[PDB]
Amino acid sequence: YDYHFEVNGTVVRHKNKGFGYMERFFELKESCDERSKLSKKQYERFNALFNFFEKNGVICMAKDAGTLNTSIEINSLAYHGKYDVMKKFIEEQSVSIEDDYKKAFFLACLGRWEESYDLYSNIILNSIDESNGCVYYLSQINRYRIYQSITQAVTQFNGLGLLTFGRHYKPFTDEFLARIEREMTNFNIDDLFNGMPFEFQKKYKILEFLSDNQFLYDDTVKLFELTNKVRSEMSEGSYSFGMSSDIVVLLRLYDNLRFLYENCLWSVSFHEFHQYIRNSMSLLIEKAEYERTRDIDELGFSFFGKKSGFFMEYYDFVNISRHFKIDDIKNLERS
Amino acid sequence: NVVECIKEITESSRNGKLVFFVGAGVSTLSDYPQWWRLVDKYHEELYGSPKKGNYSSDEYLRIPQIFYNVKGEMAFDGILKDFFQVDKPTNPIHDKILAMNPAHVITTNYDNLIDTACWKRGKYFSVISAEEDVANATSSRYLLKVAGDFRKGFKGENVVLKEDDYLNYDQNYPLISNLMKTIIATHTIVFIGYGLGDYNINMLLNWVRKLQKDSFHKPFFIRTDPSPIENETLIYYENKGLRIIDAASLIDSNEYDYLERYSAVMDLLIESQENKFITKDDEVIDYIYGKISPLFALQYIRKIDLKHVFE
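Top to bottom, those sequences are chains A and B. Residue numbers for the first sequence follow the working numbering, beginning at 506 and rising by one. Residue numbers for the second sequence follow the working numbering, beginning at 31 and rising by one.
Possibly wrong hints are sitting among the right ones.
The calculated label-pair distances, taken between Cβ atoms and stated as ranges, are [stated by the list, open to error]:
#1 A:511 <-> B:320: 47 to 57 Å
#2 A:592 <-> B:306: 39 to 49 Å
#3 A:592 <-> B:309: 40 to 50 Å
#4 B:309 <-> A:520: 54 to 64 Å
#5 A:681 <-> B:280: 32 to 42 Å
#6 B:41 <-> A:722: 30 to 40 Å
#7 B:230 <-> A:681: 36 to 46 Å
In short, the hints are calculated from the structure, not lab data. Don't be surprised by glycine CBs; every beta carbon is placed ideally from N, CA and C.
My request is simple: use the sequences and hints to build the entire structure.
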């Protein structure tokens, strides 16, 4: 908590009184004359930082912020539904342990949960020699979530059975279901971040949130506030003529999709994450209806005449398809 | 008795105060090559063939040291690299050991079998095998490999095997003895896979005589030998500070069937922890009481927290 990093690429300094070290960092970015005063053992530690923020999106500070042009590209085959590319990627040969973490996520997305549990299992044998542990801790999480996914199936394939798919069918053998409840019944997901070295803690302190629901908590609180002030600007008949009041809900949405599909986390198949996406995009369409049927009665807007509108791109069609039910779309079509 | 030892191992496992002392007698339930098969190989490069004679101990101690002095240290290293690049599985004993939830695991073994079972669950253990790893450690759970390990080389210097290594153990490894002895006085120590005459057990029982009367807790010794213990040997070692649970005095098995005796005690510990022996209906009015008698100091308890009370 030395600098607010907002979702528009600006930086606002809060809770800091010492040397402002992000202000001096973006002075290094703009000028070249402040470079070449850098040590060669420190200058190679700059091209990695400059590529870190041009990949992630931290452009400048709050004061020297001009345009807010920010597109989006979720480069992940699981976001796009390339199924026949994934089959040819699992049939391909293993190369590293990073290419098997990206593999086991693809079998999970393909419903091959018997073989993806086994593939996460091999990564747990191998990743201690990786000296990083982030492939280890994220595989411990992802394997536990595949396990919890094969328990809600067997209490619904062996529970419901008839009305779901034909008769009482068994996608998992009786040997497998019996054995995985033996290898991981002493597991506690609440103590997975605590049972790791103090070098992995305080260097990956942002990953204790993936054990539970508190990686959605700061966005759920900001949905529930920005919902209430869009609904109350709509029950008032008020039309702001600048930036949209729910551009936070759009940018904070696509951070959560580019975090979880790129880093290959099986938390994309939750109910609580599916429910965050549809409440975020119901608000973006309920406001998009509100803004295209407006009336100024002043022969159009003089200064706001070049205002753009919300329109469905490709990424908005995919987020309604995966995350809405049909009754969620039925409401959105009658409202 | 067996029954009070059942309790004190369980309620020390629930406090973060249970440490095993794992021997070579459970690395070979997972079938790792024993040391007597090495000394038969060292006997065949120096001499012709081992005319056994039941191995009087004066040959059983010196033969690694003799081939060390004569042939060169290069040959002592590759024979270890021959016999110990084997990649063996884990027995159910290792799974039952870690399901008993240890704070530490001390071990006299130079294999890597217990660390791989510790990597496969939700807990991290700082491996100390050498002398340098005491300061550059991580997270206060320690897999303490007191005999050395081949995690940084199959050379013979890393592991103590010879007789120049037993009497120079306090000189070469000062900090691995001090950290071994600190865990013993603090924690509750259970031995796994020793045979009551050992260089790792009798060098412990001589240090324990140097302590005061009640300045330590008595270690537990899970004994798995086919012939059962006699009472006088059970007198002599209980007087020296070992509470021996004998596995042959609870089940009966053949003189070649080890895993049944090793599991009849470890199932007796875990299924005491995972409560399966509760009858007479006045044993339920003190299992529930022991989880709720702390909570009388609170006026109201959330109903989502009472599931964490009852585990």
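Okay, the hints, checked on the actual structure:
no. : hint                        : in the structure
1   : A:511 <-> B:320: 47 to 57 Å : holds, 51 Å
2   : A:592 <-> B:306: 39 to 49 Å : holds, 46 Å
3   : A:592 <-> B:309: 40 to 50 Å : violated, 56 Å
4   : B:309 <-> A:520: 54 to 64 Å : holds, 59 Å
5   : A:681 <-> B:280: 32 to 42 Å : holds, 34 Å
6   : B:41 <-> A:722: 30 to 40 Å  : holds, 37 Å
7   : B:230 <-> A:681: 36 to 46 Å : holds, 41 Å
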